[PDB]
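Shown here is one chain on its own, the form solved without the DNA, set out as structure tokens.
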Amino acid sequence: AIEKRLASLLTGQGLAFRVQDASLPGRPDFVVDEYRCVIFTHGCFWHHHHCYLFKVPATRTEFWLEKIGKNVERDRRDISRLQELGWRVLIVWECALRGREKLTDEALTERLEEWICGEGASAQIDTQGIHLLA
């Protein structure tokens, strides 16, 4: 589900990028060839984030937890394969992009500028800032 916010923010920074790229593991939402980095915009429910957007469904609970667990394992392998290929990976969680605690365009823009152009190690952005992936 292509993120409007991010396409316009990346465009404003002067960067060229590909979107929803099926040629790379995980089909990353945005790919910036010039800086060897890819960006995923993950939903907090489907990818099992630890924030307030994560809610356990009251119906077929076990089924849902098993399914979302499998999504997480698949995400870990896609991220490892990308890194083995030489890509840096950023995950921007949904809680940073939409809803009550979302970042301002200014805060979000500054974190993107430093991470892309400063060649930061793989990381993830949430409502509390930027964190390494490992």
Second form
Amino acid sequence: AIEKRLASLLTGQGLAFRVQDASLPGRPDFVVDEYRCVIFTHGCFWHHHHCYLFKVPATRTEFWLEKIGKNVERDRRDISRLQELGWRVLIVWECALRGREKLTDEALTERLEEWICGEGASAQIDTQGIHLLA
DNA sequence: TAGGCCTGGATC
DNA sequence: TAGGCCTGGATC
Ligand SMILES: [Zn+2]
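The block above covers the form solved without the DNA; next, return the form solved in complex with the DNA.
Following is the full complex, with the preceding chain placed first.
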């Protein structure tokens, strides 16, 4: 749905990858054995991305803010386990794969490349670049 | 299909 | 992690 926009590039570089595995925490979306790393395509809302696509609903605010918080909490945990199992994690938010700021289809491959292969601490890819996971 | 709203939903 | 609605475009 958005997983594709990114998935399409993966095979674009051949990169050996499996999909949505429920045997790995946070059930990654893309799993790559070619580097012992997993990727995530998190929607900006459910996971509270401090990006333009995040808007606290005006209804049942407290019910959504608390539900969301538990999500972030679950990601933190998820990532942490993955890292424990010798996995490198990368998060690519939607705000940088769909929307009025979405990385030009170039910048991605160009950024995914320097990552996936050329090693590097876990990190996240957003509309304004890629930074250490944190 | 482009995004912009509005809510929960289905599962496990 | 949505799907249902509604707008406004590009493709044909
Ligand atoms: Zn975002």
